[PDB]
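Below, in structure tokens: the form solved without its partner chain, a single chain.
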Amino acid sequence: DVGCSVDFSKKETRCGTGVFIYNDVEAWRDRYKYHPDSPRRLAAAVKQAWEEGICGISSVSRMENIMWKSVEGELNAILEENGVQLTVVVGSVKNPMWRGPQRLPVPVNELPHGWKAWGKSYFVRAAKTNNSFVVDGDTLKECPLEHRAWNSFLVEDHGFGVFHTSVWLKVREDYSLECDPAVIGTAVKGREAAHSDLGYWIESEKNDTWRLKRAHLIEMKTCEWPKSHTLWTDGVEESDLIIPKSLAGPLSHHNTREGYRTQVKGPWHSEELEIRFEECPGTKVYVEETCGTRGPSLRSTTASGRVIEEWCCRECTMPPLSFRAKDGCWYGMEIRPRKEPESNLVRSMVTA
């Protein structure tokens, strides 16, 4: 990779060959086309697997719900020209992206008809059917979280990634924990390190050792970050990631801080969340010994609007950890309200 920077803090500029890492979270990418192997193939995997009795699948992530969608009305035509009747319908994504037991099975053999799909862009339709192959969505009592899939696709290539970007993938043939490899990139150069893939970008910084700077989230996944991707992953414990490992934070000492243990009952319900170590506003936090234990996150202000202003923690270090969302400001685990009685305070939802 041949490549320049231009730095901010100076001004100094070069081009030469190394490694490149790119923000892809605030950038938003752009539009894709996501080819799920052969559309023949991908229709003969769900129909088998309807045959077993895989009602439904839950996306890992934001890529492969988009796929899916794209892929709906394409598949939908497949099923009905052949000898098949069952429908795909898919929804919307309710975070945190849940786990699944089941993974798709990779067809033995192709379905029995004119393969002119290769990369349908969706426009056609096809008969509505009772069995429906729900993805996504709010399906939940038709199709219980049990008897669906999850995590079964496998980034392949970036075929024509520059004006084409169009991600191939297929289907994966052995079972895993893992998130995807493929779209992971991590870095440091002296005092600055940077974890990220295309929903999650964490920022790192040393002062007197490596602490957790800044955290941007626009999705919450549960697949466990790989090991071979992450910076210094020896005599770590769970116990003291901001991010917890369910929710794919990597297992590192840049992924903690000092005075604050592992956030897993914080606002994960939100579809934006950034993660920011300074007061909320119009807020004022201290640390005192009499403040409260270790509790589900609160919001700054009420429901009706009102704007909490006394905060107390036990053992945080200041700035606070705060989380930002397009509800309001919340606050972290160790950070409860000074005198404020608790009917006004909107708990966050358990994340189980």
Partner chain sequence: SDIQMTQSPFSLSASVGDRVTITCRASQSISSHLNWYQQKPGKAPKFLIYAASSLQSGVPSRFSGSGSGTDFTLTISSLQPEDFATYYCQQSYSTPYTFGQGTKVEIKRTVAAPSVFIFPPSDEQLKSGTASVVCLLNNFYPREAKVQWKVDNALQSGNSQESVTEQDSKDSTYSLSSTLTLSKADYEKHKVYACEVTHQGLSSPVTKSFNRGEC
Given for the second form:
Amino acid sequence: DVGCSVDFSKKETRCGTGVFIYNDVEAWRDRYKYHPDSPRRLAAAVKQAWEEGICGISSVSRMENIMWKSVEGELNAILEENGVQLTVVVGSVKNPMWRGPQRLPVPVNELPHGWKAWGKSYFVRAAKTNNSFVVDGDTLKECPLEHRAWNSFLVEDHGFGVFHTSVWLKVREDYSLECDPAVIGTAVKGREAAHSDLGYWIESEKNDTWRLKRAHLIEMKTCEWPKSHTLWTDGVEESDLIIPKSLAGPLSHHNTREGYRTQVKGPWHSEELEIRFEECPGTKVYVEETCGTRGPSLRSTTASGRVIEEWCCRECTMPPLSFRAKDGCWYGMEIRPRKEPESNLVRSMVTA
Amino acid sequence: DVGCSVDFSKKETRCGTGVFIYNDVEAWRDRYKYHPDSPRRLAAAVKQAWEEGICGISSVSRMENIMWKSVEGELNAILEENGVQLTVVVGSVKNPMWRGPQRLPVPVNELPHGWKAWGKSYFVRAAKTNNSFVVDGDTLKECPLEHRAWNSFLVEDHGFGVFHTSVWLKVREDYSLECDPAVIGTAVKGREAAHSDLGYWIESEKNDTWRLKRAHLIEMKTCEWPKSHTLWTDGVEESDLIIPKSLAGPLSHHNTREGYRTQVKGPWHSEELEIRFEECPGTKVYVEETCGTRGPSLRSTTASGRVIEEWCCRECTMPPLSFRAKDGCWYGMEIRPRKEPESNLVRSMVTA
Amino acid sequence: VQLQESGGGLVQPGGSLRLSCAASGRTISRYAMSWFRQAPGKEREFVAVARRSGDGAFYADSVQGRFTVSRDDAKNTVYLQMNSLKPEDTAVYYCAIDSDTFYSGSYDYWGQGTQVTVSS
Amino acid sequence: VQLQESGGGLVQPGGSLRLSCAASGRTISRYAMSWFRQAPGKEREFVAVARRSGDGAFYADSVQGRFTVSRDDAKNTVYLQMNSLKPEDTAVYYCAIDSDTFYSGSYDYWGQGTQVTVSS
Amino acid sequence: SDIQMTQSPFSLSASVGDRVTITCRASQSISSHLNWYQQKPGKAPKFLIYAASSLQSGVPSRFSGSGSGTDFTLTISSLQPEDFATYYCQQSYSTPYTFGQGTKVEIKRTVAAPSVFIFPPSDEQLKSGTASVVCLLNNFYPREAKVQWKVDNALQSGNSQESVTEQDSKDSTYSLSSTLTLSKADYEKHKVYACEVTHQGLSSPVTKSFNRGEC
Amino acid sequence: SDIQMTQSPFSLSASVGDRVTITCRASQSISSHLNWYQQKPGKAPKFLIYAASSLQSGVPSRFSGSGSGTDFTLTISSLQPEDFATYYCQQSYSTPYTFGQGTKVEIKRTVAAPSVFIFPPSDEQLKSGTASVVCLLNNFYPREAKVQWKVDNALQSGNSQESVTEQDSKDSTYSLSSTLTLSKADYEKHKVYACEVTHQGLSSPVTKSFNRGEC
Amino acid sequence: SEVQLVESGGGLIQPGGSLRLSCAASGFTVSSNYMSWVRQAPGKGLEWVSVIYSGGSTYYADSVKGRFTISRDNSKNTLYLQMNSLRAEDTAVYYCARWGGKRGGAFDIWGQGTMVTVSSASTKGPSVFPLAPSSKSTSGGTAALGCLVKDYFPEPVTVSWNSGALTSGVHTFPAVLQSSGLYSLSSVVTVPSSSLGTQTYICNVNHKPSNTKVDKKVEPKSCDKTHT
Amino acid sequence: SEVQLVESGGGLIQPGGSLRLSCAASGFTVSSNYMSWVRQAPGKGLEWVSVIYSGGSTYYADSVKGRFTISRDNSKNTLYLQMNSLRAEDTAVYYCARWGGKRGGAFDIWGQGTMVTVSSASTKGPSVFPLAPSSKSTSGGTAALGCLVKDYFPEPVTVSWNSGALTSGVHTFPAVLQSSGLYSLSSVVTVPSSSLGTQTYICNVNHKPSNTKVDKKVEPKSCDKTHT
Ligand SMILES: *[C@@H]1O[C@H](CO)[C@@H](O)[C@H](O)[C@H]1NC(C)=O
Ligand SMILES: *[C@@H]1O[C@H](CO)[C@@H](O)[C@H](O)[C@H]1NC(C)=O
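Given the form solved without its partner chain, corresponding form solved in complex with its partner chain:
The next block holds the full complex; its first chain is the one shown before.
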């Protein structure tokens, strides 16, 4: 991998050979084709799932939902052409993305139809039917979560990813709980390190010891980060990981900060979230031993938009931990209001 | 950090940010021109080391040895300005670079006046005395190993827009047993990863699960690799690390291969070494329960230059491990000849 | 803590009678109520036990089938339904309450009893 | 299996004497040998012990510092070098041999003894 | 923290043809990763239900599970003679994988009084320096029973061990044996030993006692 | 495996002004990371020498060390009264770090008066059901002494325990007490109880015995 | 293909010892499925211990955290558990179970199990004491008598009456572990009172490990004239 | 400032309990130096427990691997050792030490130590038995007599003769732990034979934990007429 780079703190410049990790989260990627195997086989799997009482699917990540949306119509066309009476409905996804107990099957053979959908870009209608294969959406009361699928896809290749941007997928044959490794990359160089995937970008630094620096998340998955793609795993207790192990947090010393316990009650209902160790505008934090115990995350602004100025914590290390979202600022559990009725506070929606 | 990438495996020309780690091992010889900061203080440190009973130095890495061999002159010149009577003699290195019990002092205050170093870096004139502060060489008898120093320097800053970037070293203040972290880099991307430093380049990939791929060695240190710069440290026993922990091997699953134990008696005396999992030319390795027990590693050719064509092992996975050196091709400890007696072959020297 | 039986009287053979034991000063939902009878010049023989809800009730072999016992936690009373009365059933029915929550038979209190006789 | 002591005789206080015992019928190199003494009408107390090579030797308070021991496996004979003899050392120095290989003090074979007296 | 699974009831009694309800509760939301296992004496568990509503291949249609979140239930439409066993509920959401305490399912059976017997320690055992007195309960139902030791009208505690046999195959009753172990010196210092038995089917406690020196 | 350390001798005795040398060892090449500590009874170890030849600040000049390869040595030129203690060598090369067994320094002033005694078990202890036979060795030296319990001419093994006191501060004596424990039933089965003391101070084993039932 | 899991490597061991358990597999490959170890102590429920993922990660229960180690041999198609620093508290039956292929997270296939006993006691024979009938063991014309077997190790012992002639009314209670480290059990039989003075009852106690065979005759005590 | 290491947190605990020791460093920061724990069992050598590097890496000895966990606090300048699943073998005196840098990796400065005892036995009082002198306890006109203190817990016990009047010839043997979990020691005194029939010898045994005080008079057995 011949390449080059330019420093920003300095002007050191060079090409050469090495290994290069790229940040694709804030860049927002670009248009992806997301070839979901052969739509013929996807149709066969969809039919086979219905025969065994499988209602819908729950998207692990935002890529899966977009792939479903982009292949919706042609799948319906294939179903209509062959002897099938079923409809697929796709809807907006919400966070956090919960785990489904079912897994889509792998058909032994393929539907007897004219296989013309390989590479078909939507733009086709089908006959509506009473029975529908709902994908996410708000189709919950129609069928509860216990009859949904989850994490059944496995990235196959990146054929012509530079310009055609084709991500090839497949249906896996293994039950698993870990996130897809084919899109994970982490590196350390001197006094800086980073863990990243298509939705997570986490940065760590050494200051008297390795610690968490900053994180930017556009999705909240529920798989678990594999160990092989993690730095310095041993010697840490899961009670201390800032990003919960249940929300796909790495098992690392780099994922820790001293004076803070694991954040399992944060505002994980948002769409875009940034973790920053800083005070938000108009707020201050003091350290006192008489402050309250841990509680749900509270927004810095009242429902009407008023701001609470004074907050206290017990045994936290400055700068304080906070979450940044388009709604406003959310503090961690360790920090509690110094003087404020709990009625005006917007409590984080506990995720279960 | 703007990017520069042309991946020939996939032919993707990207341009973004991230973190990049380069392979600098193959061009090590003259990558820097040091001038360790303030040699007027290094002179006082050497004088005090001589006074206290510290009579020599055993180099930790080839970089330090070249630093000595480049600053030998001006240092002697500074000695010949205040009446000090000592002569620094710098010799050649031998592998492995053993460890020294003592540490170089940190002078309380610099010499009364040593500005003669200003404007005279390399071309200087000095005198000679009887006292010797020997660096390296076949000179143990003049300063016994129990009085040599070792591992007394840290890199403060480095990196410049020049073929030879100036490095600002300093005298370490605290005792330590681990290698300097400021020049270590490692990363993993999909199915490939690498650990490296200025003299180590090690590669691993995924097949069933992660395993060692290859390594390139130009020096054999004796410091310990820090944990923070290691991937997946949990669950590995130190008896399976292919590169021994004492010889600066990392504690990782990436540093393991199935069917082989630690290599404590490999041909670690050669100048530079490369590790490959392939046959030595003109030879084959078998797997046989009846083969011999572990022992010292043997060279594939006799001292007379004749080749040995058949080798065996008991429980090793093919292809076999081997060492590529300037002398010739060697086989691992688990691998012994089938019929020819081992006393006829060349045995490697003892290291501990 | 007071036990008061009621609903006892002469009944012809084959008839139906239903007793009631008004309990006070205690929550019978957390305990078990048991029925015992003692004929004149005889011992005190087990009749039936009504455990808490979801545990069922156990009946003596002699009174098996004909009798039936039920509870009303709301009214804090135990109701026994009798079917196919016989002359041998003539006796004084003494109610009992099991103090032990594990149902060890640690009876502590008894009611005054009621006289009931069967004769055509 | 015979032990015969020799080299015993009168010595002035502060003198020097060297006892010697010639072992026969056994290999003392594989065993440990000890010295003993008995004053007339007295018990039989310590003199010194010579263990196998590389194990060192132990001495009694009265004899330590003054006495010295050395074995000779090749000639299967043990020697005691006495320094600064005292009148209190007057006794019959009695050799002994330890049968147990673990140095358990199991003495089974002994010699005749030799008279030693100290007087100026 | 680990996930705790509380089964209830500890045991229930039913006949052939009735409806049985078993509940399993979890201390935290676990989605629907719940399983049910059936274990017979001297055998490894067996796999019945997954996902809290799905039936494994080969499981008879009688069994059916329901519930979501924390509260889950198991039901049998028509109890059969071959359904006598213990039932465990397990959660597979995350490590560590915890099990339930288990519930024993038994046949209904009529109340029978316990016969009480007491045996003074044998003379041969007294020669060894230890004395053991045996109290026996035979052919009683239900299994719940209490046995108390009194020496010289003094209650004993921490000095007795009890063993309970399995439900009888013919009359479906139980037997209980409680053993009290005392040293020879301690045994001789007392005169009267008594075993008090409390049971549902006995109107008043039954006491069997003997005097040290009387045959 | 780990690298193992060793010391010799286990203990030695010398007077003031003697020269004493102690040898430590390592099972494999450790370069020269060898240390020495002194521990007086009831105190933490004190640090004397490092690097196998370097003297810590404040240590008396009479201490010195040397060695090469797998063998190392410590030496004291002129023994002083305040130099009675135990000595340990220690590594610092690689984990796990290891110590040596130790070596005790002894004074040179012992066997004032050997004495042998035996005590039959008291009747009070018999009433409890256990019998202890005590054999006493008073004011003897050296500590190497063998006590064998013989009952009815039968040798005893695995039923006795021994305790040794510290060096006497006045005459440098040592006291050893061996207790033989038998059950009361066992104690009545035998008639002659004897403890045999085999010690260098005794030329032949001295046997002290008592006869059960006889004063 | 038929699927099985078969354990091996159980036995008797002393405190502080070490042992290795082997769980073989057939019909499938252990590399592509999660594998776990589960155990059941005598008279108690089930207990999970450790798991190894198909990717290679491992997790352990606190009760064995550090003392045990799980590993698989991808070539020999075997699952291993290494046990060190054993205690008597680790006595139990041990199973290895397969993570379900498609049916959620469930132990689809179990094994037969192996017994592991951690005890320092040595083999010893039983002591039998007759439970002589008396007026305190009589109820409604029925007399209770038996034999008390005490202080034996290891299991099992077979107790029979009149060489198996008497079977009705026989109740052989389960063994119990005494604090001394030896087992004990009681056997009783109910017979008519009128048969005590005419019929003879003997209990046959056998202990194959110690090769102890005792025939003890249980008869009314001499001082009890009531049955004479 | 003076380099002092101060330890606290020891005590008595039952098997299976948990404890947390604190080693407070002074005069230097625990962050830059390597730190370790060392223990010494009663009457035994020295053993290394664990170490934590200045970089945060930690290592443990096998015998305590998993159960123990070493950690440090930089705000309070403290070194911690967390103990779980304690056994009886874990009783010893524990030390923390500094890893001297200018001294080639030497245990430069130590602490005063602290005692940890793991036992479930409850406080109990001693029983005093007299070691009556007899013809078997006399040698050359000197009579040996003593008192036996048995079955007591915990330490210590003080024994004196004649309220401290008699001190010469008295040897108090060290306490020894028995298999039952209790201690026993012996105290003996040598006196002239002729004084047995005229002098009175009484041993005072005191044990605070049991609040027991016993004064036992030792005299020749009545059947021993030689001393009358
Ligand atoms: C970072 O570094 C130094 C020591 O490395 C420390 O004193 C300083 O306070 C640290 N900074 C912060 C913001 O914690
Ligand atoms: C792993 O490596 C071997 C040797 O190169 C190769 O034959 C094999 O296909 C690879 N993959 C697997 C799954 O074994």
